[PDB]
Amino acid sequence: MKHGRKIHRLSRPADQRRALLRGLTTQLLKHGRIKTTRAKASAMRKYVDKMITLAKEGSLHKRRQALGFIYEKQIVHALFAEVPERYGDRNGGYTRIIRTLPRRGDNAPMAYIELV
Amino acid sequence: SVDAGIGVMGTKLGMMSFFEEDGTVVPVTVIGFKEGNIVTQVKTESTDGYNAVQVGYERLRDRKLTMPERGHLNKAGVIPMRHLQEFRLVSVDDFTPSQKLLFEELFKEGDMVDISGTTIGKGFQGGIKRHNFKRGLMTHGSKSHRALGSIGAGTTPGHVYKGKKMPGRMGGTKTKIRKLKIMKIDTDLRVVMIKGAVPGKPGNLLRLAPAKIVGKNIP
Amino acid sequence: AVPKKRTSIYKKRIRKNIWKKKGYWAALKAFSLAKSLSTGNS
Amino acid sequence: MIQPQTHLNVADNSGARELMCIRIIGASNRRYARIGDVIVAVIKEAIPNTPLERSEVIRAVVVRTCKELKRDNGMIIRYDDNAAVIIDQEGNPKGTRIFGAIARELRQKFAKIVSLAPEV
Amino acid sequence: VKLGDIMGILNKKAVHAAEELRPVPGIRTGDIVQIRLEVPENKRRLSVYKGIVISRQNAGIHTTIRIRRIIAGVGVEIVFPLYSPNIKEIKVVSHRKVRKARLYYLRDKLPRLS
RNA sequence: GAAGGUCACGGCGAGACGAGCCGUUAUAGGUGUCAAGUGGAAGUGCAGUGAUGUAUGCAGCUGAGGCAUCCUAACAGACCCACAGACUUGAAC
RNA sequence: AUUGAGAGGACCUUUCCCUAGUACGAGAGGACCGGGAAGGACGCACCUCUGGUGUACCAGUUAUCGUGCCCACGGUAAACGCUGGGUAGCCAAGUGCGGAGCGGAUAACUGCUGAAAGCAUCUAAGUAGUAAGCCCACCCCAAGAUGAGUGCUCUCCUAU
RNA sequence: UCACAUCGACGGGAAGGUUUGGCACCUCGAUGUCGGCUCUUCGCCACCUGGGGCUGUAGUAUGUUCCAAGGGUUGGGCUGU
RNA sequence: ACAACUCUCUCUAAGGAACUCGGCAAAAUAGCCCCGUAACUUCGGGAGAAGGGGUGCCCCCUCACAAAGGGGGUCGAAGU
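Protein sequences, first through last, are from chains A, B, C, D and E. All you need for full-length UniProt numbering is the position in the first sequence, starting with 1, plus 10. All you need for full-length UniProt numbering is the position in the second sequence, starting with 1, plus 84. All you need for full-length UniProt numbering is the position in the third sequence, starting with 1, plus 1. For the fourth sequence, position 108 matches number 108 in full-length UniProt numbering, and the numbering has no gaps at all. All you need for full-length UniProt numbering is the position in the fifth sequence, starting with 1, plus 116.
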């Protein structure tokens, strides 16, 4: 009965869950700050952090590993060039969750996610 | 109620396959300990109406406790702790407060121990899983599958009987598993190795006290 | 399936007032957040 | 894990080719019989000219099973077949030869079976 | 000693004790093993066993291996506790070149395998 | 603003919601690592006309589990509550 | 932190072995009493072992589309494209545990002492054995037990 | 051999409300008819399990009947049954 | 959010109709090529009867067999 089961569903099937996390991850990486729900945000910390971690070891292999993910070549080339300079010190936890006011037309709880 | 020795608090730490020099493979629960099992209060026929000993367990920073509990433990002159549990005995003396309970010296192996503890919580669950009901047919057009079927009889009883078995919250409750072999007492590590299974996942408190057979208690 | 009579009065008041108390709880919580909005939060 | 209506190969040369189980014997209200247990079976086919004809209710004892019996050692033992041996009544099987392989657990109650076995 | 790490440490002793009785070689899937054990039938008669390792359930002290062999006529599949006292001699005889962690398919292929 | 309680904040082997329990500078996440799973990546070398094999390599990818470390979020803070306890008799310094 | 009025769950049964081939019986057969044995059903708990699942994870492979092209990945083939594995969790076919008392009062029954009725009589006085049945005991709940119990400890300043 | 171990003719007297009836008292501005599944509970006039008396009871295994309703009272073939 | 329960689905150790009014429902079979095909018959059928074997990928013989046919290799537990 969900004992020791840890996975953020996002109300969806696995079709669309990975589709969400992927696209959200892309847009977040692109813009640098996004407004979304608390759950859509709080689930997203495994994948942004995984991809920044993936951008430490900039090698043929790891770029393809990341490039299967993002579905936008020119964002993932921004990383690898960017990351090791502006995150070289920081050891994990590259992501901040600020939290701001429910959405109007459904009392949906709301948040900001952006790079730290 | 009246327990056959003084018990000892403890913590579950998973299961081990324990061998012996025969080659008998035995399943076993590793039980660890945390600061104390220190005696706290002693109750008497004199003042309190019965004979009993209260025993704390598990050390804390003394901000996480409340004033009253701080007082109750600081009266005994004892480390900050949660989980004061009693042990009602017939025997009363030689349990004066601020006295540590040596689990090593107070059991002595091959004992058969009675372990209580709160079980795994399975939430609100159906008639099948809860009370070992049977389910109806799957095909031959049965619109009943998993259910209680009928509850009661008819107009004569004219109501549902008290304690009629129904869907409800199964688990998260105390159950004494009694008579369990002590396989090994690791002097080094302060870790008791008990044959078989024990209520709850790794973490739970356990009230570890000796066999409570009817040639040991009160005729 | 179907109701035998109507609850009619007084009982329906008792039922509605708890629902309005849900509203009360929300009001308390929203009042609490306004002080949090004033000063700090980093 | 042999139960009512299970088809069971024969591991000796009493003549019967294949059995079918119809009851467990010993320990009543038993769901199914694992290795060691005695069952009742109808013979579903035999070699033509043998004594044990087809369609006869007879006792057998289960020796090969697809459902791992366990030692206290910790070793477990599957087979690839469910097969029993046609017991006579109390003691030996009818044939004077047993095939396949069989476990040590059998030798307490059925001494004569592990006497005749090839690879115990 | 940390209470979380006890069940690690308790394994660390229990394996490394048993391995100092007898050093176990690097067996894994698709290896022809011969394995003899001091059977307690009130007789140290030494019943050997042989066949392929079709699996390797790694799990500390009760780490174990599933040996398949076509015995006399029938197929048989004995799993062994890898660090038993009862077990005496493990020997790796040969190595088939499989490429799968468990070989449960080998159950229902042919008798000419093993 | 007493003791304490309730909210909020991060959670849970607790849980339909409430409830319960833990945490609020080792609670969850991340990162590091290690059990464990899976089965030998990519790139390149070499072999073969080629499908493919083969070495670098118990690899690579996972890691719901354990352990380590404040890198991120536990900020900001709110609400409730106090007459030392009506009244009568009888023992007691 | 407990006390327990009260209220529930559980007190089930099988052959085998010793007693003993003894008592009994011409033989054939074969005990009473008590003590050991491994099961069956049943319940309580667990995941070390054996596994199921495990759309989280890993591996192969069809079709086609996308990543400019080869390489290598991604999408889709309802709410796994199809297979082959599987940690945690949850599960049993798996693992542990359980049923115990020389405690009480009884039911049928067997009695002792003993008249009415010089004898007899288990009863009218008294009293002893004596059942999976009844009550305590085991296990869980429990002072909303308004009859609201008992213990230990903390707190009673002011606009706060 | 002996009515009364075990049966008990001709006859007599009871209880129970499970069968087949008699009556037509509630219900025709509707109270769904058998058997099966699921889930109960209760009664004793006891199938087994506990404890007994008698036996035409040597023992084993019965027969009979007293106490006892705590527990249990399989899986199939055929038939809607 | 990830309780019971219902539905639309996916899998399932050992057994394999023991289910049930009844194998209802589910499962299994399946494309192509080659071999092979019984009782009976209105001589047209039965008949795709039944039952078997081969299929992926690469490389070759042929003055004409829609990745043919045949020969040889190579990968997977598995090639419609």
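Fair warning: there could be bad hints in the mix.
[Said to hold, decoys possible] As a list, the in silico DSS-like pairs of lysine-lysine whose alpha-carbon atoms are at most 27 Å apart:
(1) B:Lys246 with C:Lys5
(2) B:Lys265 with E:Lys128
(3) B:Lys258 with A:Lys12
(4) E:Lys166 with B:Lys268
(5) D:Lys67 with B:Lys213
(6) E:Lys166 with D:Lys67
(7) B:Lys192 with E:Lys204
No lab work stands behind these hints: they were computed from the structure.
Legend entry - Unmet hints by their number, sorted upward, for this structure: 4, 7
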